[PDB]
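Participant: Given next are the chains, with one letter for each unit.
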Amino acid sequence: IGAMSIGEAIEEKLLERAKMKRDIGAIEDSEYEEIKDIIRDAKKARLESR
Amino acid sequence: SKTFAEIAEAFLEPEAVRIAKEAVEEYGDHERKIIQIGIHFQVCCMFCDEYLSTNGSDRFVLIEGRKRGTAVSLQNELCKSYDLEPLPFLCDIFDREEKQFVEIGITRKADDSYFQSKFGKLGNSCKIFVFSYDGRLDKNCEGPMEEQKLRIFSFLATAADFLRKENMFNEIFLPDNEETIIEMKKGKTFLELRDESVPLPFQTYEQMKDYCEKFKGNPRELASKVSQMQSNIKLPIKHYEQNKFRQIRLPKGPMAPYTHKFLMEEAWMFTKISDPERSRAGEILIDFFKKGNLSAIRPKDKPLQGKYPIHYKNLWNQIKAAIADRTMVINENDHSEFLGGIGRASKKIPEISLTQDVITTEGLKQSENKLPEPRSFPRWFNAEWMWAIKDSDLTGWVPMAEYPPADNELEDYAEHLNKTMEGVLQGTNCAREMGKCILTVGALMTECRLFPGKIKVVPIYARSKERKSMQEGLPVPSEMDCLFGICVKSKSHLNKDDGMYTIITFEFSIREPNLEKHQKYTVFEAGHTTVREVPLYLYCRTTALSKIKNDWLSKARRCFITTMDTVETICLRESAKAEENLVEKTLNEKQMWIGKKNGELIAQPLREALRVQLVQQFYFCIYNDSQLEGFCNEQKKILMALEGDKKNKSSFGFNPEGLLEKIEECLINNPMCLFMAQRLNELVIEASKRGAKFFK
Amino acid sequence: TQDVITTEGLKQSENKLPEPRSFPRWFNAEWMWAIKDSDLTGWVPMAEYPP
Amino acid sequence: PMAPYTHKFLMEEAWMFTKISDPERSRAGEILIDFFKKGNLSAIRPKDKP
Amino acid sequence: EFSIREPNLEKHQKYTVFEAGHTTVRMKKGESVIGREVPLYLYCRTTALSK
Amino acid sequence: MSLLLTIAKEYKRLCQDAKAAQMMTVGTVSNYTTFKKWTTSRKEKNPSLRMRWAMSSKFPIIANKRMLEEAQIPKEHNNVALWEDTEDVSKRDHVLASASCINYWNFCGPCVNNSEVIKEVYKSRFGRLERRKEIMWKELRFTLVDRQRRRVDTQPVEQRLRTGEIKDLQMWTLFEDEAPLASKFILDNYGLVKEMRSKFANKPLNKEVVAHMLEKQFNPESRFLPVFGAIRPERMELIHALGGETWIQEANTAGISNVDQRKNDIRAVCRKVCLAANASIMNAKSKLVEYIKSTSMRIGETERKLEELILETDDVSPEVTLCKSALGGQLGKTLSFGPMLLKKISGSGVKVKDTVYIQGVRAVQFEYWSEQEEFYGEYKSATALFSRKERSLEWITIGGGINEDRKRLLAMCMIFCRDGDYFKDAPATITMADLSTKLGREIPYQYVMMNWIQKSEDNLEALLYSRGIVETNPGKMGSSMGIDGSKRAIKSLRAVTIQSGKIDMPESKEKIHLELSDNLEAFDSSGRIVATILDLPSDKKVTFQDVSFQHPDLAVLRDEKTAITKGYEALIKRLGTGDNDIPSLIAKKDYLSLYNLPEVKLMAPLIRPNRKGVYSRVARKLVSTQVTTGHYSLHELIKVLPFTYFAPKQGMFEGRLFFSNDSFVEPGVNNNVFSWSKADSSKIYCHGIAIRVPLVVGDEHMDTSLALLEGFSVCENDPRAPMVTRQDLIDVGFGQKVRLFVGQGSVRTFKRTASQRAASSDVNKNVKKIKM
RNA sequence: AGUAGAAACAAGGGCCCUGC
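Residue numbers (full-length UniProt numbering), protein chains in the order written: chain L, 705 to 754; chain Z, 2 to 532, 543 to 707; chain C, 356 to 406; chain D, 255 to 304; chain R, 508 to 558; chain E, 1 to 772.
Among the clues, some could well be false.
Capping the alpha-carbon separation at 20 Å, the derived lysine to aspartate or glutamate pairs in DMTMM-like fashion look like this [said to hold, decoys possible]:
1) 253(Z) with 693(Z)
2) 518(R) with 385(C)
3) 273(D) with 508(R)
4) 45(E) with 499(Z)
5) 765(E) with 65(Z)
6) 301(D) with 120(E)
7) 199(E) with 508(R)
8) 273(D) with 654(E)
The hints are simulated quantities; they were obtained by calculation from the structure and are not laboratory data.
Work out the full structure, taking the sequences as your base and the hints as a guide.
Facilitator: Here it is, written out as structure tokens:
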């Protein structure tokens with residue numbers, strides 16, 4: 705339930721988990737930045753198709 | 002659930018529910034609006050919060066919960082007392098430290114539209130606050146106190162979650178000012194139809210609706226129509242005692258022949274001892290082949306009866322050859338192809354390629370379904386029933402699982418009774434026939450699954466254990482593999498249920514045939530076998556099965572469950588009426604009628620009458636068809652009449668001749684139905700010596 | 356009666372015997388503990404002493 | 255198998271709560287009630303699985 | 508009965524045992540008394556007697 | 001890790017498509033549910049047939065591929081196949097396999113470290129097993145059995161909850177990061193959540209399975225069954241092995257599962273508060289609601305609020321009914337007239353007035369119903385099916401088992417129907433004094449006759465005589481009832497029939513919303529009364545264990561212990577949010593400002609005056625020691641603070657800190673005056689009363705975000721505030737804002753400021769200010 | 001051939017695939 709669509713919810717949760725891990729867990733800034741770039745590109749493609 | 006009030010009571014205070022309920026009753030609006038109002042009301046309430054002013058007096062004064070007239074009275078009173086200008090519309094709350102009314106709004110849409118409409122409606126006269134269930138705020142003045150905002154937004158968050166969870170967070174339950182009229186979108190075509198489907202006297206749905214919405218009861222015309230209908234009917238009522246039942250009329254013609262796939266009374270078997278290493282069927286069929294008896298057989302070209310003897314002879318030779326090569330397969334030649342019906346499936350001819358000349362060339366009339374033809378009472382059935390009641394010199398024919406442990410007397414009782422009954426039944430002949438069906442059909446089912454499109458060879462066998470003598474002699478009696486014949490399948494491509502795969506049956510016997518009973522078979526004189544020397548015959552035929560018959564025959568241990576049920580019920584019923592264990596007594600003493608001999612009745616203890624019921628259940632499993640279905644469905648009416656006769660309950664019926672006709676309609680060429688019909692006639696005859704309602 | 360007996364399978368109630376057991380490997384510890392001296396004292400009462 | 259413990263009470267594995275002795279309440283029925291008052295017994299709440 | 512010594516399966520066979528919270532033990536410390544918490548066990552058993 | 005990046009790449013590839021983008025863009029998240037149905041839909045008619053026909057194949061099962069490679073499960077172990085590289089048509093990421101492969105795994109496959117967690121996942125069924133082992137069977141006997149049909153519960157269950165209260169509980173125990181806003185059920189039942197959480201944390205588990213099993217652990221399975229003997233969930237769970245229509249497997253099953261004891265305790269408490277509130281004359285309604293909400297009780301290990309148990313129970317008794325009515329709880333359609341129970345089957349009617357003369361001429365109004373109605377009726381071990389017609393008992397049938405019960409049931413039915421001449425001309429024994437108004441409260445003539453019967457047995461005999469007596473016709477000898485309650489006689493009562501075999505309790509899965517008056521008599525959309533205060537026992541004394549009537553009227557303690565307790569309550573209420581409260585001071589390490597609180601200043605008069613200096617030294621020491629470092633126990637400062645008000649001095653500290661009434665607290669050990677436990681860390685027990693500590697800060701013991709939820713609240717959304725996770729949520733400052741993701745597809749803004757007010761008062765008060 | 005009932009089976013799709 706909620707007010708977000710599916711794409712919005714997915715994106716937001718992925719960014720949150722990326723931070724949650726990079727803060728303490730086994731993740732590097734390089735990996736974090738790569739993940740964030742992938743996600744912003746995915747959002748652009750989703751919103752651009754139509 | 003079950004009402005919007007009950008739903009709203011989930012997240013509101015029951016008080017606000019009662020308030021909003023009285024309000025909707027006042028305005029007479031759709032009660033699905035109990036929810037919005039309660040929510041709105043509670044917000045206003047928790048906005049007051051029992052705050053106080055500099056003068057130690059209340060700061061806010063609610064006016065929403067009040068009636069409309071009272072609300073207008075207080076609004077004007079306050080506009081006058083504090084010397085304020087009267088407003089055109091009503092408001093929700095009024096404060097004193099600032100002396101200006103305040104209006105509260107709520108909405109779900111994340112846009113200012115609701116606040117724009119309200120601000121246009123009221124300009125800048127008073128303070129307006131519209132909150133959103135998703136955390137937004139629009140106003141025309143300074144923000145409220147902090148605590149007010151926190152409490153309100155928190156409440157609205159909980160409410161939104163609840164509603165979204167109940168699927169009620171929609172325009173329907175939370176509409177704006179405009180979208181408060183929900184209605185079925187009556188189109189154009191649908192209205193055109195509804196005014197056309199009306200009963201006769203009316204011609205437009207409006208007239209029918211007005212006639213039904215205002216209908217008043219007139220009991221007298223109703224009673225008049227009821228009586229009139231009661232006179233032009235003349236329902237017959239027939240007490241059976243006065244109108245007795247004729248006998249049932251079985252059909253006429255030749256006798257119904259043997260129908261079960263395997264032989265039961267005329268079957269002869271070759272036995273050997275079983276070794277655990279070689280246990281599959283395809284192996285047992287070879288072990289029996291090495292000792293040499295199976296190869297001594299050699300029928301001759303002159304059959305005692307039947308048709309197509311050459312095909313059967315060649316097929317038997319190929320069967321022996323295939324067994325000798327240790328590969329249970331047969332090739333597709335002219336003989337096997339003819340007996341297995343390989344290529345005799347119709348050929349298709351599309352109509353798009355059809356013409357009148359084609360039809361006239363070869364007549365293509367509609368297929369004339371040729372329903373079955375009748376038969377007569379079978380005279381060989383009673384012999385089978387008496388043969389399947391006696392012991393068989395061996396036991397353990399039907400495999401069974403183990404007994405679990407036991408902890409209370411109940412389970413001891415259960416184990417004990419179950420052991421006695423199973424020991425009685427496992428020794429009969431009906432049991433060996435059940436075991437034969439179980440194992441042979443299991444083998445055929447596996448083959449049909451693995452090797453379709455290939456003619457195979459499957460034995461007809463069973464496994465048993467020789468009986469237990471006293472401790473004297475050789476102890477630990479041995480096991481036994483028995484072989485009654487050979488079976489052959491033919492390309493069982495069961496692409497779809499209810500399909501059919503023909504099989505062929507070569508069986509061994511030592512009893513010559515009868516034209517009436519063994520009509521379908523093609524018997525041959527094979528040779529000799531021991532016991543001294545005695546002749547041997549080879550019964551051969553062709554038949555079919557399907558997925559369903561396979562599945563049901565393999566599950567042929569249900570007969571035990573039903574039989575045990577009947578017996579145990581009798582015993583416990585007799586034991587309870589006396590409050591004592593009368594189970595062994597009831598099994599050894601209570602006598603049950605079995606049949607007639609020399610015109611007298613016969614009876615025997617329950618312990619020995621079980622076998623009749625067991626055989627009845629097995630035959631139900633074997634000969635079941637639609638005919639037997641309909642018959643067993645129509646005989647209950649007669650038995651209920653009989654019981655009413657036994658207890659002096661003056662039965663009656665509306666049309667008994669029709670019942671007898673329905674019964675006799677389903678009597679055709681089915682040995683079990685014909686047999687049971689003759690026996691039902693005899694039952695009512697034998698009881699007529701003791702009861703009425705039956706004619707001779 | 357005889358039928359009741361045959362029905363209930365009555366018999367003479369078999370008598371059980373105590374199973375034999377091994378040597379205890381906790382007795383010495385109990386003895387040792389018992390010999391020690393307790394923090395509190397005066398547990399058992401006794402009478403008085405005449406003249 | 256080894257011979258198990260047999261005496262009625264426990265000797266070595268025992269334990270005892272104590273309190274001051276009052277000559278006016280020197281009876282079993284009274285001693286027990288007093289021990290219960292200070293609330294050390296009511297606190298004894300055995301868990302389900304032994 | 509109450510105890511502060513967990514059981515062993517062999518010596519304690521007739522006993523059903525539980526763990527009833529904790530308790531306290533008191534011991535000297537210089538010129539004062541102190542307390543150290545420990546667990547507590549409850550030993551349950553049935554038995555007969557006579558006159 | 002790498003998996004996270006893989007999920008990101010997968011989402012990108014999926015968004016590159018065109019249709020997938022549209023479907024992931026339109027609508028809200030709820031669509032997921034819909035999409036979950038349009039896929040993988042395929043059924044079969046006769047699964048038995050297809051199982052025997054499917055297992056006959058070579059590779060009839062599917063299985064994962066990567067899991068098999070990782071486990072190093074070979075193929076063709078000993079000339080027997082185990083699987084083959086292929087792709088099932090539906091999954092496309094599974095590979096065909098054979099049944100033998102399963103056995104291979106079970107015998108020489110990969111082993112998990114431990115699996116005793118299973119005993120917790122399936123607690124209900126191991127509970128069945130354990131209860132069974134403690135049964136002592138007995139002989140088996142044969143006879144006919146009188147099995148009555150009725151609705152019962154078959155699952156022994158502790159803390160039966162609703163469904164909305166489980167769907168959330170399944171989140172805070174298993175999927176906590178995806179948890180929604182904290183609901184009232186969570187904040188109240190904290191220890192319960194902590195308990196269910198301690199077992200299923202840091203364990204290898206399949207969570208869908210665990211979640212379903214939790215639903216089963218909290219469900220009383222209600223069934224409409226034939227039943228005989230006592231009614232207890234422990235028996236109903238194994239009824240199949242206790243008796244049928246013709247046999248009975250005797251066995252004693254009395255001492256197991258302790259269910260009905262809790263229910264009888266609840267009813268005793270309800271009767272207590274109902275009578276107490278009845279003591280009033282003008283506010284019994286508000287008095288009763290207040291007494292209810294101001295009470296708590298223990299259930300097994302957990303502490304529950306009374307009003308929460310009452311809205312969960314299903315005891316159809318005239319006491320539970322009233323309470324459930326005050327609290328606005330819906331309930332079933334079961335009546336009650338004194339000790340008996342009633343339920344209407346059919347018929348209708350409406351009130352009508354009539355009068356009777358008590359002594360000589362004294363007109364007294366009593367009502368009756370003007371129509372015919374049919375009723376099931378139930379007294380102890382006796383059932384009846386009767387009919388009333390316009391102030392008359394038309395007919396009645398009985399199926400009980402005792403003479404005494406038969407007579408009493410018949411008598412209470414006659415009264416319930418106003419049948420007889422007594423309702424036409426009352427007896428001389430009754431007078432205007434016995435009429436009514438113990439203290440002003442009238443009594444309808446019905447209950448008057450009721451108590452007149454319960455007073456003396458001879459009144460009951462006379463009332464039965466009020467029913468016509470006649471000579472037993474032939475044949476009916478067996479179905480007749482004398483005055484003694486004998487199954488047959490030569491002269492029997494009129495229009496009465498007996499029989500062996502109870503009557504089947506009717507059934508209806510209906511609910512009704514009733515209300516009540518200022519005299520505590522509930523009504524149901526009609527003039528019928530379903531419950532009252534005259535139909536329950538007069539009085540009795542009972543000692544309740546593990547109960548908390550933290551309300552003045554319901555208290556027996558003296559002013560001293562009450563003063564101490566109220567001081568502790570006030571001192572805890574300062575545990576909220578905002579500066580000047582103890583959490584902020586601890587955060588700032590201002591251990592000095594605590595000594596100067598006003599609350600300690602109000603408790604100061606209670607300290608032992610002759611040693612207030614010594615305690616002060618010790619008390620301050622502990623506090624500073626705990627605050628300077630950060631390793632503190634929130635339940636210990638709240639205990640010792642009241643002593644830090646005075647100035648330190650010198651002396652010998654024995655180890656205890658005494659108040660002025662010879663009641664002490666000891667710093668470190670729980671005692672009668674101040675107790676708490678790590679199991680339920682949200683309670684403080686003072687003199688038995690319980691005190692709820694708010695959930696604003698979490699010390700070393702409390703170990704999750706569960707302990708912070710009463711400190712946050714929602715506010716107008718602000719895009720400027722930062723966005724954080726649920727774990728960094730502890731590092732915000734009191735009064736700050738932060739955005740956060742909630743549940744699924746939802747973002748909000750929270751502010752670390754609490755609001756202790758509720759909606760109950762803000763609604764009730766403003767309402768009462770409208771009835772003027 | 002045969003089966004079964006009030007109509008269907010006695011392979012079906014593209015040399016290969018399969019059995020709701």
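Participant: Now tell me if each hint is right for this structure.
Facilitator: Consistency of the hints with the structure:
Among the hinted pairs, residue 253(Z) with residue 693(Z) is consistent with the structure: their alpha-carbon atoms are about 18 Å apart, no more than 20 Å. Of the pairs offered as hints, the one joining residue 518(R) and residue 385(C) holds, with about 11 Å between alpha carbons and a cut-off of 20 Å not exceeded. Distance check on the hinted pair: residue 273(D) and residue 508(R) sit about 18 Å apart at the alpha-carbon level, within 20 Å; holds. A hinted pair counts as satisfied when its Cα atoms are at most 20 Å apart, and residue 45(E) with residue 499(Z) qualifies at roughly 13 Å.
Straight-line distance between C-alpha atoms of residue 765(E) and residue 65(Z) comes to about 14 Å, which keeps the hinted pair within the 20 Å bound. Distance restraint check for residue 301(D) and residue 120(E): the Cα-Cα separation of roughly 15 Å lies within the 20 Å cut-off, and the hinted pair is therefore satisfied. At most 20 Å may separate the alpha-carbon atoms for a hinted pair to count; residue 199(E) and residue 508(R) exceed this at roughly 30 Å. Taking the CA atoms of residue 273(D) and residue 654(E), the gap is near 17 Å; set against the 20 Å cutoff, the hint holds.
Checked against the numbered hints listed earlier, the structure breaks hint 7 alone; every other hint is satisfied.
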